[PDB]
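Based on the provided sequences and hints, a complete structural model is requested.
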Amino acid sequence: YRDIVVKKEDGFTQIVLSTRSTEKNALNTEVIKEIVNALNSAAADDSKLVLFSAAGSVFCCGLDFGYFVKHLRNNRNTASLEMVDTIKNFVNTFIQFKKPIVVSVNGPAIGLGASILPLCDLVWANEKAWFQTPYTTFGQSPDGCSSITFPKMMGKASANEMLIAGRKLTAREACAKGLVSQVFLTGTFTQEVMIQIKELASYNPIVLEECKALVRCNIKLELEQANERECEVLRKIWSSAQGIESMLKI
Amino acid sequence: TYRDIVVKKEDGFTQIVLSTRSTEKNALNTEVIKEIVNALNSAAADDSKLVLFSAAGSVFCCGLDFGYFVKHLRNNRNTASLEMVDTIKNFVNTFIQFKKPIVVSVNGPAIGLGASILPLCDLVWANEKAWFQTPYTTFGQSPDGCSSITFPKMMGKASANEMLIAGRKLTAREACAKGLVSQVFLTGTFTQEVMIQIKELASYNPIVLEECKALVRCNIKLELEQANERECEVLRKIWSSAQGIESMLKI
Amino acid sequence: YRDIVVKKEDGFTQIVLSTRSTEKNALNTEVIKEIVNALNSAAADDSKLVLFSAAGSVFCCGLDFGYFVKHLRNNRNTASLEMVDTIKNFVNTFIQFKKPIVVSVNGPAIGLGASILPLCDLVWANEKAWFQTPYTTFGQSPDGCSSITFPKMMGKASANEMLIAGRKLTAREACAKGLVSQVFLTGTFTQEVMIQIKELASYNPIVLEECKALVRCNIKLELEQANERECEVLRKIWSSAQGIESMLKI
Ligand SMILES: [Cl-]
Ligand SMILES: [Cl-]
Ligand SMILES: [Cl-]
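Residue numbers (the UniProt record's numbering), protein chains in the order written: chain A, 283 to 530, 536 to 537; chain B, 282 to 530, 536 to 537; chain C, 283 to 530, 536 to 537.
Simulated from the structure, these hints should not be mistaken for lab results.
A hint or two may mislead.
Stated by the list, open to error - DSS-like cross-link-like pairs, simulated, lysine-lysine; straight-line CA separation at most 25 Å:
1) 330/B to 289/B
2) 518/A to 380/B
3) 381/B to 450/A
4) 450/B to 290/C
5) 380/C to 518/B
6) 352/A to 370/A
Below is the structure:
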C-alpha cells in the first residue's frame, strides 16, 4: 500500500487513510482500491473489528475531482461509467462488511468523505471535526447511500439542510443529528479512541458479529438499492454537458 | 387570480403566501385548499426550480377551519364527510406528488393540519417564536397529513405520540431538535435571512435539485399515499359519527 | 400475585412492578409470567390505556441472570430454549398490545428493562433515571427488538453506542435520542404522571384506539420478525460454553 497504512493489532485492524497520490486524503481510483483490498483482508482476518482513521489535517475531502475530471476529458460515457463503477463498488464494500467498523474522525469529512460514515457502525469525532456534503455546489446528486441514511437518522428536512443546502455540521451538531455517535475532547482525542477501541476489541467476537448481523439484517437490501439508484443518477449527470461543466468548477 | 393566497413568480422560484381573508389565522377551508393545490400545480408546470411556501399575519396556519366544516357536516353527515375527506386527501396528495423542492417558511404557530403537512415538504425554516402543535386528541380526531407515519419516522414513535396523543406544543428550537423544523432563525432577521437563503438555493442546478428530491422520496412515496388513504378512511368514519360532530362543535 | 400490583382506575389500569422474588425489579420466569397475565387482563378491561410503572430505587434492572445461569448450568440444551421462549412471549405481548401503554420510569432501566420501552407508546422518565443495554458486557446479542427500534429511533451509529459500547444515557439524553418521550422534574414526578395519565384517559376511546392503530400497522410485522431473529441468536449464545461463561458475571 502507498496511500493507506494497515496495522493488525490485538483483536482488531487499523486502516489509516494517509494519501500521497492525492491531497487532503481525497479519493482517486487507486486509493479506493487499496481501501477495498484492505477491508477485504480484515474481513478474512481474525480481527474482531476495524478501526478506520486518517492522518493529516483532514479526515477525507471525498472524491478527488481534479483526478477524475482529467480522465473524463478524453471522453466520455466511458470515463463516467468507470468512475461510477468505482464509487458503486467502494460503497458496496462498506455495505457488505460483516465486522464492526469504528470510524475516527480527526478533521473535516466532506462529500463521499462524510457520506460513507453512516455505513460504518460507530463514528467517533474530535470536537474540532466538521462534516459536509456540498453536493449542490459540486453539481451532483447524493452518494454513499446518503439519500436514505441521512433521512433515516435525522429526518427528511434536516437531511436536506445537508443534501440540498450544503451546510457544515460541527461535531456536536452532527452528533445531535446522529451522524457522529460520540464526541471527544481534542487534547486527549487519539488516546481516548485507542483505549475505547481496545475495550471494544476485548469483547466476544461472536456477539459483536451477531449484533451487527441483527442490525444489518433489515437495512442491507435498502442500502444496496439506494446505492444502485444513486449510481444510475450519477451516470446520467456525469455524462451530461452540465454535469461535466460542474465537475470542472474547481 | 387568487382570493386567499398571494403567488409571486420570482427569480428561479415560485413564492406561495398563505394570506386568507375568508378565514381567520390562515385556517384552511375548501376554497383555500383548492387555490393552494392550483398554485402548486402551476408551479410544477412552469420553470421555477423550487417553491417557497410561506404565510402572512401572526400565525402560519391554524389548520382546518372547523367552524366552516362542522356547518356542512351538521346538514348531511354522510355526504359532507365524503366531501371533506376527498378535499383533504387530495390536498395532502398534492404535496406527496410534488417533484420540485418545497421550502416552508414558518413565522408563527403551525397547528393541526398546518403542522402535519410540514414533513411532506423538503426544508422547514422557522422563526424562533413559532410553535408547533397537533392537538388531534383535543379536536376529537385521528392524525391527518400522513403524520401517523412521518412523525414516527423523524422522531421515533414515543416522541411522535407526545404530539399525536398528548397534544403537546413544541417551540421552534425543540421542533428542530425533533426533525420537524430544519432551520431556526432569529426573529429580527427572519424574512430577509429566508430571502437570501432561498435565492442561493434558486441559483443551483434544476436537475440536481429534482433528482436529489426523487432519490430521497423513492422508498417512501408509496408509504405516504397509503398512510393518507388509511388516515382519511378513519377521518371519514369519525366525521360521519355523532361523537365526531359533537367533538368538532366543542372546538 | 406476588411481584406486581394491578390498579384499575377511572379509564386506565396501572401495572406496578414491585418485585419481592427478585432484587431491583429484575425479571425471572415468575415476574415475567405475572406481567403477561396483567397485560392480557388489561387488554380485556374497559380501560382506555395502560400505565406501566415500578416501585423502588430502580425501574427494572432487566433479566435476573444469577437466577437464569443456575437453571442453565445442569441442563444446558433445553434450559436455553425455555429461557428464550419466555423472553419471546414477553416481548410479543408488548408488540401485540392494542391500547396505548404509557410507561413511567422513576429509576434506572437496564438491559431488557430498557429495550422493551420502544414497544410502548409514551415513556415518561424522572430526570434522575438512566438507561443502558450493556449486552456486550453481558456477552449477549440485543433483546426486546432493540436491534431494529434503537437504530430506527436514533440512527444506527447512536444505537450502537448502546448496543455495542454499553453506554449509559441520562433521562435527558435518552429523550434527545427518542427513547424517553418526556422528562419530569423529580420533586413532582409521581403527582405529574398521575395528572397527565388521567388527562389522557379522559380522551375519546375511538380516537385513542385509532391513533394507535394508524401508528402500529406499518411497523408491527417488522417488530415480530426482529423478535424471532433475536431469539434465535440468543438460543445459540446461551446454549454455548462461552455464553454460559459470559452469563456468569453477577
Ligand atoms: Cl496533510
Ligand atoms: Cl393576522
Ligand atoms: Cl428497592
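Evaluation of the provided hints:
no.	hint	verdict
1	330/B to 289/B	14 Å, holds
2	518/A to 380/B	18 Å, holds
3	381/B to 450/A	23 Å, holds
4	450/B to 290/C	30 Å, violated
5	380/C to 518/B	19 Å, holds
6	352/A to 370/A	20 Å, holds
Checked against the numbered hints given earlier, the structure breaks only hint 4 and satisfies all the rest.
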